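Let's turn to chain A:
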Amino acid sequence: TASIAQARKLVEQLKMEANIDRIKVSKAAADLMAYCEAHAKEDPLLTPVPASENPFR
Partner candidate 1 sequence: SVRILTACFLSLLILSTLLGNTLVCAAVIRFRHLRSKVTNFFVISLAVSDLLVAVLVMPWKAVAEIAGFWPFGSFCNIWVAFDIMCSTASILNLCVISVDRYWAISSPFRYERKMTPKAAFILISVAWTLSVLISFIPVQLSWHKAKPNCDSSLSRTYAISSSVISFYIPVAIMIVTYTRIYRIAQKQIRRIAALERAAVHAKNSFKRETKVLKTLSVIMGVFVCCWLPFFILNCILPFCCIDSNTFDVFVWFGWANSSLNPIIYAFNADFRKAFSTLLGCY
Partner candidate 2 sequence: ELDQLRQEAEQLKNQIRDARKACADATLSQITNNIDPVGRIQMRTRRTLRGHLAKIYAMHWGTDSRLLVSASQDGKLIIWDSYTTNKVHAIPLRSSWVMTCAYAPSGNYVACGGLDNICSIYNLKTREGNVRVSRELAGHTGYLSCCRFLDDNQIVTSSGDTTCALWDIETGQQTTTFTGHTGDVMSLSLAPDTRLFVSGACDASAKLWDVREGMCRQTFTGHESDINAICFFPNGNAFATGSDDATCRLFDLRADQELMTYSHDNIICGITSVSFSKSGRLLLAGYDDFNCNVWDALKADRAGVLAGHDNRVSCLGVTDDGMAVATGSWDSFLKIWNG
Partner candidate 3 sequence: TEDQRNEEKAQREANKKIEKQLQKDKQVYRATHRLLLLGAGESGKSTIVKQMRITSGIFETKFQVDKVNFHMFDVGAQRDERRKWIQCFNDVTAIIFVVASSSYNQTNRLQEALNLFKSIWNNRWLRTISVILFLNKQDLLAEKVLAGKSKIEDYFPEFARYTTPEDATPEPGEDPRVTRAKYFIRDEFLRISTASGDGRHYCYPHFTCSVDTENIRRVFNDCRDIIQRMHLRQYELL
């Protein structure tokens, strides 16, 4: 009766996981793109640093 109780927990899990709001792909995409555009110039890996400003150099 253990396996069927893990079945019934799986069932209750999938019932709580089905019943969630889902945002469309493309607006999420656009938000991602927006956040990568906004903070692009503050990235030392994407934008190279002058060696005097660089603490490692």
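The rule is short, and it goes like this: a contact is a pair of C-beta atoms (placed from the backbone, for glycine too) under 8 Å apart; a residue touches a chain by one contact, two chains touch by 3 or more; residues count from 1.
How were these picked? Simply put, all candidates are chains of the complex that A comes from, given by their letters.
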item	value
Interface partner of chain A in the complex, by touch - 1, 2 or 3	2
Touching residues on chain A, where the partner in the complex is candidate 2	3-4, 7-8, 10-11, 13-18, 20, 22-26, 28-33, 35-36, 39-40, 42-46, 48-49, 54-57
